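The residues making up each chain are set out below.
Protein chains: 2
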Amino acid sequence: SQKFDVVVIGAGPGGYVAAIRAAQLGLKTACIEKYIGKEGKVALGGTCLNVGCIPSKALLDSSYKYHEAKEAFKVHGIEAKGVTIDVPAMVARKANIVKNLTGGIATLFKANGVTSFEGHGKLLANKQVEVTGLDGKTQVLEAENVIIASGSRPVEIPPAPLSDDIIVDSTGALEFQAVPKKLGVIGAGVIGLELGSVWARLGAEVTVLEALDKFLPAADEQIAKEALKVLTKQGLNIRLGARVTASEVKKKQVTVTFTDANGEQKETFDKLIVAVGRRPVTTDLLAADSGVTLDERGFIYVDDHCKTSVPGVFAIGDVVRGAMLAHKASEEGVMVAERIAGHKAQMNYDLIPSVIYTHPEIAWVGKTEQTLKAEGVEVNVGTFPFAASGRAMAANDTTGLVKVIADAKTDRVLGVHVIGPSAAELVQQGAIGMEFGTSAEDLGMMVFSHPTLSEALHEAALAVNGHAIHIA
Amino acid sequence: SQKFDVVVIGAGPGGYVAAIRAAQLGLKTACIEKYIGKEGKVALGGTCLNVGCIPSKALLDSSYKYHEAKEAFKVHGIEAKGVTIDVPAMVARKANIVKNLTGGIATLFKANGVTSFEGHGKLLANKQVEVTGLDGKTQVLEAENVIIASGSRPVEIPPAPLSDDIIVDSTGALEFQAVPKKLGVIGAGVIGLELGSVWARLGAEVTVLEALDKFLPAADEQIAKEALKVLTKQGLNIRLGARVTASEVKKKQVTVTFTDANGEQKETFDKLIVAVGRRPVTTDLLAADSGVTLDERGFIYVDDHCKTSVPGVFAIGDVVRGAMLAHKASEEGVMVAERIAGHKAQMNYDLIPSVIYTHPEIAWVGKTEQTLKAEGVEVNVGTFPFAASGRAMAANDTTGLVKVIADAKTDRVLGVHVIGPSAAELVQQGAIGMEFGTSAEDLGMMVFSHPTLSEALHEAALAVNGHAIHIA
Ligand SMILES: Cc1cc2nc3c(=O)[nH]c(=O)nc-3n(C[C@H](O)[C@H](O)[C@H](O)COP(=O)(O)OP(=O)(O)OC[C@H]3O[C@@H](n4cnc5c(N)ncnc54)[C@H](O)[C@@H]3O)c2cc1C
Ligand SMILES: Cc1cc2nc3c(=O)[nH]c(=O)nc-3n(C[C@H](O)[C@H](O)[C@H](O)COP(=O)(O)OP(=O)(O)OC[C@H]3O[C@@H](n4cnc5c(N)ncnc54)[C@H](O)[C@@H]3O)c2cc1C
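In order, the protein sequence lines correspond to chains A and B. Using full-length UniProt numbering, read the first sequence as starting at 2 and increasing by one per residue. Using full-length UniProt numbering, read the second sequence as starting at 2 and increasing by one per residue.
Any given hint could be a false lead.
Because identical chains share one entry, a pair is satisfied inside a single copy or across any pair of copies.
In the BS3-like style, the derived pairs of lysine-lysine whose C-alpha atoms are separated by at most 27 angstroms in a straight line are [to be verified]:
no., residue 1, residue 2
1, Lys345, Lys410
2, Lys75, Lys39
3, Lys308, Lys345
4, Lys71, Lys82
5, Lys111, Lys42
6, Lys100, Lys75
7, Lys82, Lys182
8, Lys35, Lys111
9, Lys29, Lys138
10, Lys226, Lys183
11, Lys215, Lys183
12, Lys267, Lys251
No lab work stands behind these hints, which were simulated from the structure alone.
Turn these sequences into a full structure, and let the hints steer you where they fit.
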């Protein structure tokens, strides 16, 4: 066709959501997407739905159930005689969910009147977007507003190049039709920890090599310390400050050479996952004179409203600054669709939660204790273990703790941090608190259901100021 | 000893908490409790901890895991060859938690400086409490304030009198060393539903006889309809409007005679649980001239601050008006202790959440739809199924829905109702919403982590006003 109010490039969380919101606001919207899926046709949903968020979660769940049936069922008096996992079958279920969701956002699109275009899209000058279709047929849409949501891709690293299915990335890790007897991960970050956990739960001997001396440096020190202790005890041999120098694939194995503190070591995995990072994709996206700028690291340059250097053009999700997380991309999506339609939506970057779906699950929102100490903030902190949780004890899951940090001067809750059962939900409660300004005492005065895990949020807010009923 | 600032009668949730708060507030406090536990010595914690909240939660978890292992493990490619449950060992694990919690609050008490007294306590005139010790030895404490937390107990009913281990109550049901082949529950309310689920999950054939025509009449109609559907499908033969006329224990079985709409039927269970209700215990609690009043139903009469008819005497939890829920008791416990120390603590009775721990879990806070319709409130409502949940799909748990109700005029969220995975924490996020006054749009403009069950709360809030991203 020729004219549209919004032309969205990318159909991941930032893009499909932005497209769906602008459509609901009444903008004639078209979205361009080229990912040829898993059954030959284009798949909407991007990284999160295809190779990200939904597949890694589904594997983490099935591997966990497997783990519980083998390690934690006897305390309930449940003896499963010889339980096994069929990794193909597992992976199929994952495939399936992906298939069904992919389909779901297509119907969502049609239901909302979104004109989908299959092909690579590129922003030319004067906001025309050249949709190089799939079959070579090229086309030029004229757009009143352009929303770029091209996304991000794995960092490739020289010492470990993706060689076949031996040195593989996020995606390949999600695809093993069998358990690597020994497995190495380079990067002890969210994706490393999670892909690590999956295969380790099913019998893989995992070593996670990570170049930095600090485990999880964005999580709170206390949660970090706790996380690491738990995960190593869970089976992941995490080696900090180990720098990879070389790979050598040979006889269906690869040998990583690395220097940690006592120099060079070499270890031989059957599979090696490079989970070092992700980088914005700006590949054939911008014509030489589009007007759009990039910063030094490859991110498209945007302000706080995701407006680019050219008016009418906005950039969101993993190609622009911010935390590379699904819900940041969709909310930017919405901020941007909302603004195009005329509402002055603002996006609160201080409250994006972070969750790591390990079991126990790490999650957090707000500032970390150390940020606050380095910022010279005197804070009161309350903690509450899941071990004093009656609900946790019925549940037989008592690892972890909640931690609330509050300004010592005002009693404003500054950050809520938890590792343990339902961390995501418990921090979400704190985020809702925080969004409206809770103090520890405000959280304290509320009625939390008994028995529930939410109560550990309760007790630790109480604890910020001395009065936790069930501890001191 | 002789003089105390607070003397607390009963060490349930209301009692022990109030005792611990008073102690922290600086009052010389003593608490009296007579429940001879499971190992011969007195057990602190009350109904909730000894035959209530924790024991029923722990069987519900062990029975659930057995059920998952037998019915929903294969879709993950897990095959447990022949899984069995050792009911003895199951029950023992429960026994254990209780033991460990019982002991926990004793240390909590000692840690706080709480003088425990073992024996029956009776409030004489002029606030002196007569501790009839355990060994006949009577004693009189003189109390500046007295907090009565005597609790509640199973309603007994004539046509089904507790006969041996055949017609049993909440407590005996939590004690079965084996699965009743066929099992009847009289009462299709929280404790009925939960004890039913436990034995049904492990093979019991359950019939739940309930005299009213309305299932879960306090729960929102939609959730009730949904709940019922799910629970019958889960195996509980719930028969509404059926009135029990007679029991007849014979050859280790009992035959209940009942009239529903097509008259009399008789059904023969191996075990019968009477879970018709609970009533306040005021037994030899009040000396004829204490000054303390009872209403018509047995409840001690109190106002909004739990002040009785005689100044300096307060009543809390199941002996007074309100919902018979452990968190209602504990918070009254704290309100009361807080006020005796000089703070004007108020208790919000509008926000007490309700949770039924079936799987899926029902839970709610705020007004139901029909309350609001009968009150002539025009409300917008938003719903969001767990089937559109990515996280729920990964989890393989998609039954259920969320429901937010909002005033149509102001957009204030009036009630959050959910049946499904994590209902409790989802409503606890709503409750925090509600305590600070969220409108649906305020819930909507917040960043909820992706993928999480919490998101279903986010979506249905959106949906209250038209814009739910992942549905219409
Ligand atoms: C293993 C893994 C697990 C993850 N799990 C989570 C998680 O659980 N929670 C979380 O929040 N984050 C998670 N993330 C990250 C999350 O997926 C990303 O943050 C998020 O998907 C970024 O969304 P986006 O819309 O910016 O980009 P993407 O999802 O990368 O989508 C971009 C889309 O644009 C398309 N495209 C690009 N250029 C063009 C073009 N020029 N024309 C047409 N089409 C084009 C791409 O094909 C793609 O479909 C995970 C990442 C990985 C790899
Ligand atoms: C099977 C079951 C499950 C339940 N599950 C939950 C749940 O999961 N969530 C929820 O919120 N509620 C639940 N409840 C209800 C919950 O137990 C009650 O709401 C709550 O315990 C009431 O607290 P209380 O302190 O008022 O009374 P109680 O727990 O009954 O405590 C009263 C105490 O006072 C003692 N006592 C009585 N008189 C005297 C006397 N004169 N002198 C000395 N001591 C005395 C008694 O021995 C007892 O220890 C459940 C009930 C049952 C039966």
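Evaluation of the provided hints:
1. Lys345 <-> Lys410: between (33 angstroms within a copy, 23 angstroms between copies)
2. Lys75 <-> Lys39: Between. Shortest inter-copy distance 24 angstroms satisfies the 27 angstroms Cα cut-off; intra-copy 40 angstroms does not.
3. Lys308 <-> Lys345: Answer is within; shortest intra-copy Cα gap is 13 angstroms, inter-copy 51 angstroms.
4. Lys71 <-> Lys82: both (10 angstroms within a copy, 12 angstroms between copies)
5. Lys111 <-> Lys42: Intra 16 angstroms, inter 68 angstroms, cutoff 27 angstroms: intra-copy only.
6. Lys100 <-> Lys75: between (36 angstroms within a copy, 19 angstroms between copies)
7. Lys82 <-> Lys182: Answer is both: 23 angstroms inside a copy and 24 angstroms across each meet the 27 angstroms cutoff.
8. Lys35 <-> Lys111: Answer is within: at 17 angstroms inside a copy they meet the 27 angstroms cutoff, but 67 angstroms across does not.
9. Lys29 <-> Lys138: within (23 angstroms within a copy, 86 angstroms between copies)
10. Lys226 <-> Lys183: Within. Shortest intra-copy distance 25 angstroms satisfies the 27 angstroms Cα cut-off; inter-copy 51 angstroms does not.
11. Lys215 <-> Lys183: Within one copy only: 24 angstroms inside a chain, 58 angstroms across chains, cut-off 27 angstroms.
12. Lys267 <-> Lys251: For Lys267 and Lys251, the Cα distance is within 27 angstroms only inside one copy (14 angstroms; across copies 75 angstroms).
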